[PDB]
Amino acid sequence: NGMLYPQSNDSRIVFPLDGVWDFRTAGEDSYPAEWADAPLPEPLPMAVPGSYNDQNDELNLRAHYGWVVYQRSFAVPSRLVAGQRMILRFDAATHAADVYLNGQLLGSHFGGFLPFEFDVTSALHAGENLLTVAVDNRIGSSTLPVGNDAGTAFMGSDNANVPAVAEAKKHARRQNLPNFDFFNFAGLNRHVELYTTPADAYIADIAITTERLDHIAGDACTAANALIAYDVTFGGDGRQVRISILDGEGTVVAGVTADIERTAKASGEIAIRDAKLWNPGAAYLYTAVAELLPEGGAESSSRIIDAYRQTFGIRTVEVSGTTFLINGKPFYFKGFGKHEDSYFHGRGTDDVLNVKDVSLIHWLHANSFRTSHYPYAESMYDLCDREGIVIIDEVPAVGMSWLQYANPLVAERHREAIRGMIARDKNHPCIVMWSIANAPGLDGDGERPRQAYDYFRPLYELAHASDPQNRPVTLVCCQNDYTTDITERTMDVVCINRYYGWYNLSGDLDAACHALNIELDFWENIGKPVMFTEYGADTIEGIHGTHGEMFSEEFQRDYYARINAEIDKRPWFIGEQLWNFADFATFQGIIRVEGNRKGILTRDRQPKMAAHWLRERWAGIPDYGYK
Amino acid sequence: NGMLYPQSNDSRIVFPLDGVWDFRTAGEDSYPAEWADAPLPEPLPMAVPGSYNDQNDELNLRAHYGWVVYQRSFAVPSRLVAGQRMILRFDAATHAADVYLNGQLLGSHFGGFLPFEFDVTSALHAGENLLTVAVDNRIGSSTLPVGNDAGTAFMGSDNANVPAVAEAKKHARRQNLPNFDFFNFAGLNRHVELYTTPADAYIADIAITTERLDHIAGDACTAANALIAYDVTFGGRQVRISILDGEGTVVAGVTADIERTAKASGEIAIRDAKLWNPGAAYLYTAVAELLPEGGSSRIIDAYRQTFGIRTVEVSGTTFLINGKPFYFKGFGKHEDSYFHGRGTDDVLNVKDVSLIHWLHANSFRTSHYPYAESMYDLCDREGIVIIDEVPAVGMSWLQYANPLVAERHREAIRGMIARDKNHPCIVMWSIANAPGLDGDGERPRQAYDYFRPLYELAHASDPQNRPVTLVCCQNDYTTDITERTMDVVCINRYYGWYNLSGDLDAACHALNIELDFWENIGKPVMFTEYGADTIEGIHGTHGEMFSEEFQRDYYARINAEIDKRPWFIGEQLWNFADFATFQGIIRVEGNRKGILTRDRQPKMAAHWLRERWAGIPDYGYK
Ligand SMILES: O=C(O)[C@H]1O[C@@H](Oc2cc3ccccc3oc2=O)[C@H](O)[C@@H](O)[C@@H]1O
Ligand SMILES: O=C(O)[C@H]1O[C@@H](Oc2cc3ccccc3oc2=O)[C@H](O)[C@@H](O)[C@@H]1O
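From first to last, the protein sequence lines are chains A and D.
Residues -1 to 235, 274 to 298, 303 to 667 (the authors' numbering) are what the first sequence spells out, left to right.
Residues -1 to 234, 275 to 298, 303 to 337, 341 to 667 (the authors' numbering) are what the second sequence spells out, left to right.
Same shape as in the complex, but just chain A:
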């Protein structure tokens, strides 16, 4: 179950396989088997990592439906593979992939936003190796994220009662129809790499938890004592593992040698005196170095069999009444939902962009975001660990309704996504909360609200069982009839998406604020902490008015000014994450002006009027103690 990010050290090496690959589009329902067994005929170039859709303007790959096939060759010195365990890792292949090496299927995966890997020790050979990866972009009623098997995309226009329209639909070209509001970018969206570990015995997983903090300082920078726990899992086959705790300067401040017991694990606790805590706006990271010792322990030899360096931060998270406590201090979220989205790359990971976006989060005086609507690339979490930005980590369970709740295949994929996200991400101190879905159907009459609850409650429990830190769990709720939804109010933090004054009461900020206050009165009675995870207004940079109407920069600024003045009056409202950080691509349609334009930044990360207004507001709101 461990998926530690590949590391290079004295016992391990990583060989990236990124670069310009060969590529062919394939069929709507299948691809040629022979393409895995020999070089692709007449290949196109395709950079990896990246979405494929915007990498070829001769083709219309945004319209592609079905399979594509990637391929490349590689060779490595025999000297480096000898005696080692060889693993091929795919950080993400969106949505489903079949991976072949030298004409043999290594295996398959479903789930477009989480990593998977194969043991290729026996499949590799000397000299050039031929790696082929078939990737399927199709979405439908059984995928996460969810597609529509017929009709229109989410937020699509129709005239379904016109006989000519009904007839033309029957014969129209097959297309993915997202039941979600972001473009279905597909392909090898994240890195590919070959890596090595020792074969006889190796470190397979590490979990670090902050179990307890004693006498936390007034400023939350330190605690008199921190109790941390480690759990190390091994693969392979009186053995021991040395655990060293390094502080921010790399000095060993704690260390223990633990017995490995059988499935093989070592676990224990370590007390850290005068512990330096991790906080939003004030990151501090330690490293847990795990070193597998040879048979005979340190008593017999100085050599190290295997090693892995796991970053971690010491901090607690606790929901208490209507507060969200980090290191016992009442936190207030400032930020937004994001997307992994950019020109050229699509959903492809881009660390230049991640580094820039983290600086923009600081420029705005924001302190947090949500990984709307899928787990992000691993590097972004490491960056937010070092930069003191809090994350709500969310699985790709977007577009769901009652059709999905009855389907065992969907429930299995949903559990896989929750387990996989938490297994990948559990050691990040920046992650303070898990989201098990975005905007599923929860309300209505008859049995529908109960059916939704019965689907989601076990997933809430799974997210708690899976996280060794036991962080809060939420479900991000779409604008709905909050009085018949019986699921959202059971979450640990209530996370609501609301578009009062945009999708309803349009343009009327007085009415919008009145409606918002009626719903806030409902949440006030429930007595849980509540935050916005979405609210906003599509905004075309450069459209201006003295009395700003919808789509103007002024309306977007006025929107936030009015709504935020209302939530400031509620002590139990513990965060404001708006929609969205930046404009992003969507399926085309009559309400999407070259995608979603609710960004406070443009797609090129330039600030609209509302961004300047929010920057000034957020400059004056502290991370702790605002409420």
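For the record, the hints were derived by calculation from the structure and aren't laboratory data.
Beta carbons: idealized from backbone N, C-alpha and C, even for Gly.
Misleading hints may appear alongside valid ones.
What the hints assert, rightly or not - Anything over 10 Å on all C-beta distances counts as not near chain A; from chain D, calculated:
1. 82
2. 83
3. 334
4. 370
5. 385
6. 400
7. 403
8. 450
9. 544
10. 584
11. 594
Stated by the list, open to error - Have a look at the derived ranges for each label pair, beta carbon to beta carbon:
12. A/422 <-> D/611: 32 to 42 Å
13. D/550 <-> A/292: 39 to 49 Å
14. D/547 <-> A/606: 36 to 46 Å
15. A/606 <-> D/550: 53 to 63 Å
16. A/658 <-> D/524: 47 to 57 Å
17. D/546 <-> A/658: 53 to 63 Å
18. D/659 <-> A/665: 30 to 40 Å
19. D/547 <-> A/422: 30 to 40 Å
Unchecked claim - Covered stretches of chain A, as calculated for chain D (at least 3 residues, CB under 8 Å):
20. 584 to 595
21. 638 to 651
Since the structure of chain A is provided, determine the placement of chain D with the ligands on it from the hints.
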């Protein structure tokens, strides 16, 4: 010299001639005179008032050089012309016109921004009359505004040393090359109307002045006594002068003797007078009624002249309105809009005045030509102060020696002041924009010798004797010897835009060095231009030139510096709104230094300035 705006009353009627006229383009240096003798052949439609250039997308009338010909027919009842003096008034024909009625040349005019009229009493006849108006758009080294006879337009790019360029220039299509930074919009830009007066004796001109205020209230809303003067000129005995307040109540009145050349003049004391102020307009009406011999109750002629009671005085480094130290907040404007060009549009004037209030500004300058008369009436009623400017833009030493230019300059000054003298909203005259004033050898003295008589002329022409300025281009202020002699120093400066580009620290340092120079000069000083081209929608976290943020940052930094100077009495920025120019490599669909877009939408800087100006009082800021 009186040019009272036409009025309808019991003794006078106005017959508007606006509408869709017939139109033809003509030649570079000529037009067919015979077109005045018959309907124009194969005419195009052309709305009047309006520039013609943007009224026909099949043609490229922005490229037109030379003459066009307008024409229409009209008829009026014989009973109404009978016994009357009939006057045909052109509010503006840009730049020069030959006017014919029924094939008879009435005369011509040069000067594209001031009204002119003809007595058509004898040329009119019963039934349909045919009015033909040839309009010349050409500009050059002897016109105001100034054109270039060769080379490029102002701030145009060139590669003059490339032989192919030099040769191609010799054979290129003739084009007006403005030596000014706005498009050369031409045609019947303002209204046309026929009007009547009595023929035997009539009112030709009226001047009302505020001579003295006694015991002005602390809030300047009133004075214990105001002494006003009237001067009424007649064409073609007694005149009754009645002073009506804001409710139409006659609060003062005198009957004055007419003496010959025929004029009546005197003074009237108004106790507890209600004063006109920026942000708090109050208007009276002086009604002049020509009485019959000798004498009966009946009225021979009448005219109703709006005015406001207020004084204007420069005192040391202060600009006093009703004895209170005023601070200018505002901008240069243009008469410029999509479709209309330089054409007057009162929907746009009403909207723009509301935007001036929305911004919390209190003033503007008529850059760079007198505006339509209706805009001044609007600013009279809306309490917005005006600096009134003649079209003497683009001038340099080439012009100062040209007698035709000098005569046209004197004509514009006399004509502007004769037309506009009664507006209380006008507090200062500008005799030029951005002429060449600095340099070495004899050049600075040559400029002074040209402009000083025009300064004196503006003072001699205005019965209110308001301050006179000359709006100065960014220049070597140490060798300019003319600007510092004006009543108010009005400077155009672009530190950080056209120089020290993008570096606001350096721009502010340079500005402060020049402010130190003006501090020593000891006159009141204001900005009349400063700004940055800005494309709405271009944004940056660290705003660079052309972004909305840079424009906002520009004003935030520069205004913080002038706030430190007690003698700096106003900030008029460039510009109220984006406007059209001749095309070139520094004009992105015109001049983009507007704080509003050309469609009057607010850029980031407009919101910032609105908040700043909201906190600055009209009186007492310094
Ligand atoms: O609409 C968006 O910009 C985002 O919408 C979110 O879901 C919601 C959509 C609608 C539509 C109509 C009326 C109310 C709604 O309230 C919502 O909460 C979605 O989570 C985002 O991914 C979309 O981009
Ligand atoms: O440039 C403008 O936007 C306005 O320029 C004014 O005259 C000046 C132009 C320049 C050019 C280069 C360096 C300094 C300058 O300083 C000026 O004062 C002119 O009055 C306006 O009409 C222009 O639109």
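Taking the hints in turn, this is what the structure says about them:
no.	hint	verdict
1	82	holds, 47 Å
2	83	holds, 47 Å
3	334	holds, 54 Å
4	370	holds, 30 Å
5	385	holds, 21 Å
6	400	violated, 7 Å
7	403	violated, 6 Å
8	450	holds, 42 Å
9	544	holds, 27 Å
10	584	violated, 4 Å
11	594	violated, 8 Å
12	A/422 <-> D/611: 32 to 42 Å	violated, 57 Å
13	D/550 <-> A/292: 39 to 49 Å	violated, 57 Å
14	D/547 <-> A/606: 36 to 46 Å	holds, 41 Å
15	A/606 <-> D/550: 53 to 63 Å	violated, 41 Å
16	A/658 <-> D/524: 47 to 57 Å	holds, 51 Å
17	D/546 <-> A/658: 53 to 63 Å	violated, 32 Å
18	D/659 <-> A/665: 30 to 40 Å	holds, 33 Å
19	D/547 <-> A/422: 30 to 40 Å	holds, 36 Å
20	584 to 595	holds (count 4)
21	638 to 651	holds (count 5)
In this structure, the earlier hints numbered 6, 7, 10, 11, 12, 13, 15 and 17 are contradicted, and the remaining ones agree with it.
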